[PDB]
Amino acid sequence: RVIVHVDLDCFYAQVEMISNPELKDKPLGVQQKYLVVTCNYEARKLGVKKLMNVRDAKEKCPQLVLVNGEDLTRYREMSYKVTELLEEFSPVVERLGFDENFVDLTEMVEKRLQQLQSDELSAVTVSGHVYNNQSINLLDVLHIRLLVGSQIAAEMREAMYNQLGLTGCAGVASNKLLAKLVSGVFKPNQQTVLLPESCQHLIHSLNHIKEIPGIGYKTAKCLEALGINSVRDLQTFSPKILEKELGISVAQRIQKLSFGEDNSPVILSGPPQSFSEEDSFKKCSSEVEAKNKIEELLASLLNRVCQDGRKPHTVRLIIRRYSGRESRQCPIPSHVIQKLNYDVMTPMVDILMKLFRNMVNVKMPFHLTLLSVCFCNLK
């Protein structure tokens, strides 16, 4: 396969610099509550880190311009514009978070090679960096295939910049793991292509186990408990003991990843399968409060159903108690689903408060720290 991973540069900060170009010459960070969730490259050179506490950021970089990024409407809107632009190149585009997309270019590459003539194959040319500086063998089929990929990735980024004013990086490789690992080698606004003989050099470069996809905090804790603390430890661990510890498909998967093998296909994401709205806070402790919060969250949600075309057939309420989340969910009554000029707030809040009182014993003190509404089962 030829796979591309496209990753937008400091995405939230970029959207803000487009929303307000008075900002693009200054160090800029996007704040959510007490965290600077991301910042532009001017800020990073001054020592601002992703997800940095506001106190640390004020002390380190008092010049930092901070814009509030708690409302994701604009980021979400730009995000979908990006994947839909990419869907002009191939029908199958896999989203990861708001600012990453994978595309399987192998169909398109194969078409381009068929169209190619004898004299200008000579004469195929790289777009962007070649990982680890290795030289292209224009006589190697796989090399040619990846170079054509790099040219497409270049056209993708050109379309993005022209149509949307957005800059990002791309990585081109034989699978999703590798494409995503290589896209960030040169940052920001650059692209790199991974040729197969230097794949092993790329996986060697990983310093920590949590740098493998799908190995989060909990999985790393499990592996730590089996004596596996590093990537080489994982490569080196008995497959059969690991299968009898994590399960067959998880063990085989995460072990393949550590040798750079990833056969997962690129899957079309499409529109969200669920919309939610949420807010975190120090204390909710009353039903009256937690009602007003829900009404607010629900109001935002209803604006988004309206946009979208499909109707939710279920609603989910989510809480976080002081000191993970809890949810209940239930079906939305058929008569409420036909809403779109009527009063849907009242029966919807009625349902959500029943869900709330099911989870929270209001006859006794409580103390929430997050509330989310969610619409799912979308038809």
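Positions refer to the first chain, counted from 1. Take the two forms, superpose them, and find the largest set of C-alpha atoms that agree within 1.5 Å; that set is the rigid core. First, how it differs from the form deposited in another entry.
Note: rigid core superposed between the two forms; among 138, 72, 226, 113, the CA shift is 2 Å or more only at 226. Core-aligned CA deviation for residue 284 between the two forms: 2 Å or greater.
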Second form
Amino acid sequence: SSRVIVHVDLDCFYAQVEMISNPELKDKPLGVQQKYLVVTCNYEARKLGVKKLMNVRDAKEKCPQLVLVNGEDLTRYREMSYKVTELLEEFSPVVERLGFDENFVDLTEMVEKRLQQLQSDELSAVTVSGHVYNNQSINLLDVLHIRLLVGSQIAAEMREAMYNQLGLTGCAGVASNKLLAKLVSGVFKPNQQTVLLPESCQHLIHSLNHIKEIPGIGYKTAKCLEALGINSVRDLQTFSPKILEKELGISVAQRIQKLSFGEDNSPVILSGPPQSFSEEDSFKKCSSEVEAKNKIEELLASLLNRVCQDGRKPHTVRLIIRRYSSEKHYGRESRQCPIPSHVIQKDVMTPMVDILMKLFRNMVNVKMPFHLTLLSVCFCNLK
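The form deposited in one PDB entry done, now the form deposited in another entry:
Lone chain follows.
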């Protein structure tokens, strides 16, 4: 039952894609901009003080000569992200995506099949590729260490193929489960890889300084733990299971406390094609109102091409909006409805827009002043 899981995580992904298109940017500090946001930047910019998700002002001041490129259209990042998953799928079919630039692959079978092929006296020649977390000593007679080192060799083949075939560099983490592979993959960056031997697990988990650093504990849950006086990984590990459940539900409570020890039994699952296709536009009060028709028509036009290009067809459409002000929860609202079977045919635009516009009015009272900062359209329930 012991697995060897690899987590691959590309370097500064959007900036990396822009640097490749336009090598004139290869040596300049570079930031990818969406509205007033520097969503990410290359490693030249992270030297000069720029952070991911820093607004343009803080970043131009921290680095005046920061070159900026617009990254609001994700089409190119999207396309590259699938070329990566597809290439990893040649190694093992079951690849799980997490966002546009991370993949997990279960290497156990590949590892076992490579071990099956080594003769008695070349087992002792097995070596690591890249870093060993916490510099831990290898024990060549420990079969778990052996299988992890073969895992590290496979990861280095995957990184070399991504570079040689797609021009992309990234990091990899090899460990016994997904949580640990993903934590260890960030230890040496950019463009490096690390393997976690089982004895250093507690060390890696206790190296985190904030409980939100655990994948699966987000903004909301962390705020609730903070309020319970839970602040370190160890505070979570040792806190009352009963009380935790009462304050967060058997579900959230029991999975996070498990994660706090480094335990994660979830399988790597095959992502395959996408479950939804969406586009959004953000703006400052631009919409009020029914020119949204324009706005909604443009989203729709690009979305229609994507779903067309996909070749499965969608059966539900949804419209998402967001309303202006204030310090409270500015949550989104939406309306969905099925797409008429006759329309399921890829004129199209006109009845698709009529539908969206109806969903629009259902949400917004057109008789008073509107109040909108976001329009989004989603196609889903693909079939």
